[PDB]
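Take a look at this single chain, the form deposited in one PDB entry, given in structure tokens.
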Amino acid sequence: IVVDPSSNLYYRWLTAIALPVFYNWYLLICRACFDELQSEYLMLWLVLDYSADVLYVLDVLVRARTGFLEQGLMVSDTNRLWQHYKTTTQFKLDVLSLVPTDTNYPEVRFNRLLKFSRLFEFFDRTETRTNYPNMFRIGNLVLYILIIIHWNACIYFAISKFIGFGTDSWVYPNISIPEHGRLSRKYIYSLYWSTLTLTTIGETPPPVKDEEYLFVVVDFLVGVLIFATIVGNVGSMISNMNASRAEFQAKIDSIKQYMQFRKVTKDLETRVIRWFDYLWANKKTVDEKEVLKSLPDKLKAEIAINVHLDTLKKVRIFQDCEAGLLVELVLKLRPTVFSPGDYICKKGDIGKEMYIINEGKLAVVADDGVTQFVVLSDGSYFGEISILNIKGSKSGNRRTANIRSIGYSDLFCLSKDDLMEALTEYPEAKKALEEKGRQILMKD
């Protein structure tokens, strides 16, 4: 069996190996530096160390059976997978994370931190798989902050143990005093010192000796760089989180300034502003071809037959013409969203667009009086005679009826020229639509 690296079994393994890598980082520096946490909970660290080494051995056995894409399809040959594993630097790291250096020294297990690539791979796969990318970027930044704060706390306690407990006023205080001699007090005061140094607050006692001066200078300079990267990586997240709202406000205020420059009357001004408020409230602010211009034609057609073929299968003119021509039709359909009361086309305008109603309710209004002859619901269709343009008709060069919206209709439009470029490759259905249009025009 070959584990596919795009599957969900591989992400379950990425979680189950980013757990002991995180344990090995966090608790290996804390067990090395604090020397009572290693000595007290020794049975717990024996159990967790046996579990983390078993997961590291199974991680090597999984990476020797993880497929990789050669010419589009996955390699299933296990000897090819093993040779492609052996030529990697990750095989050197995943073998170096398993060398038997060995109870009293957890510094001999510091080569278990070398599998950082599994932890960074899990964080990358979670950020591309989850539904909350900015929430996971905040969680990733907070986890990197907590690893840096914890490693600096352990480094401050190791430096204070090397210099001497309580010989200076800067180091950790005297370990034989039972107030400072407990492990909870040791870890929480070292974490308090590391937080106050790395966040550049500095309420801690000032250094006395020269190596303490140098360590606090290097600590403040690590902390100002880390805390500049954190402030920048939160500000970039906030700016690229509300860039779409800022772009929509720029569009709205530019059209507002254009209307107050050109002296557009207040009714049309309120109509434009209520249309923009409707678009922002119902989240149709994007354009359809602008957000699907990057996908290929097959996936654009898959979305388009998934959402338009249900309303385009029950029509007068395209009933059983051609399946691929209905595919090209729903590719070349185009949306416009209308306002309530907005006339689509009066008596007198020359026709060039066929409209397909989708989530809307229209009305064939009269000229002078507002009388609804028949309300056209969603799935209905109009524009057909002025996009077919048949000879032998009345041929007044005008549309014969008024179309007015009752509510916010979402018409999916279709041009006659786009119909002809859809219809070039199949001329029998062309003649079919001409005769169907002739029938519907004679039986109007």
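Throughout, rigid core stands for the largest set of C-alpha atoms superposing within 1.5 Å between the two forms. Numbering follows the first chain given and starts at 1. Compared with the form deposited in another entry:
Only one of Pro178, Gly235, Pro206, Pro296 has its Cα shifted by 2 Å or more between the two forms after fitting on the core, and that residue is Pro296. Superposition of the core reveals a Cα shift of less than 2 Å for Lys92 between the two forms. After superposition on the rigid core, the Cα of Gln439 moves by 2 Å or more between the two forms.
Relative to the superposed core, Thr15 undergoes a C-alpha shift smaller than 2 Å between the two forms.
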Contents of the next structure:
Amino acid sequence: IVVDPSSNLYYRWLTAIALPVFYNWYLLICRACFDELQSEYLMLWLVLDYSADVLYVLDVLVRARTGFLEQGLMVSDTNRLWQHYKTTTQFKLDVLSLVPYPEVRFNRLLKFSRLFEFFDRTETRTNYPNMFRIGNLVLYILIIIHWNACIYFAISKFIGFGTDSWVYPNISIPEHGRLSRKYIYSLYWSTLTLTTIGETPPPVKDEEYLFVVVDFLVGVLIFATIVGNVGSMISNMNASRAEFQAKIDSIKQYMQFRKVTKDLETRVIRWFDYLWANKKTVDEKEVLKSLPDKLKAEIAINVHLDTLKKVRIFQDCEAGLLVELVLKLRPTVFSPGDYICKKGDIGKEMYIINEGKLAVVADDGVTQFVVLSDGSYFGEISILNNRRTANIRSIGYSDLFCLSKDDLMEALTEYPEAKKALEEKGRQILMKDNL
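Could I see the form deposited in another entry next, after the form deposited in one PDB entry?
Excluded here are partners and other molecules; the one chain stands alone.
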């Protein structure tokens, strides 16, 4: 068995190994600093420490039998995998984290790379990355609140319980002697110090003054990091809405600068209203810039074969050549009541309809001669040799696959027989409308 580092078994193991590291950080510093949670839950920490050691040696085994790619191919030679594991420093961290009083078990915190790998794999794999980042930042600040609460209780136990007024009070009193009281008051002191509220009792001794200075500076930097992360997350959450609102406002300011008429500006307002109502904010012409060409071609040929199985006229054509024609096919969306092409207009564009409704009309008269739907096609008699002979309007919000003149010029100057079949269909419909 050789585990693929991009599979789902590897992510299930990253979850199963991110469980005991997140146990280990939290409860090892809590047990080591509190010494009553250790002493009154000893069988539970025996069970959980044995389970964490079992998962740690199982993670040494799984990192021994996982594979890395050389020349794009996964190695399955287990001796090569073991030597590639042994030459790294993660193996040194694992054998330091498995060197057989929780102060001697503080090498178990060294396998933080599995927790960071689990966080990066969940950030790459989940559907709600903003919610995961909220949870991850809350988890990080709770770890620091907890560790500073344990550090405060350790400094209080080192100085003396109830000697000063800054330290934790006398634990011989049965009010401050409870373990829940000890932990939640240390957590409350940690929260007041790290969020820079400062409602704590003031320090007395010089070590207490110095620890509170260092803690307040660390809390100021933690507050600055929280503020920066939540601000960056808010901006990256609403950056798409802000970019389209900036485009909407630049359109509106250009219209009010040029003093365009009221009907056209409310038509532009209605177009933006339709766009935000039907979630068509992102445009394919800028989406398909940043793709590699093979991945740009696969999704394009997928959606275009899916919509080309609805048209049955344009089938007598060569396979990959029709494939590249519908690869270079490009979508636009028309508003209702919009003329695709007028009577006295010369064409340079071919259209393939998908999820629209276009009806042909006469000169300034709304009447449906033949209405074109999903699976129909038009725009072909005035492009291969020169004027559109049919008024065509958009009945509703239609979506047309536009086509440049140079695509049909490329499919004309190289390949004659498929465009001769297309022109024979065009000539038969030409004779049908006016022989």
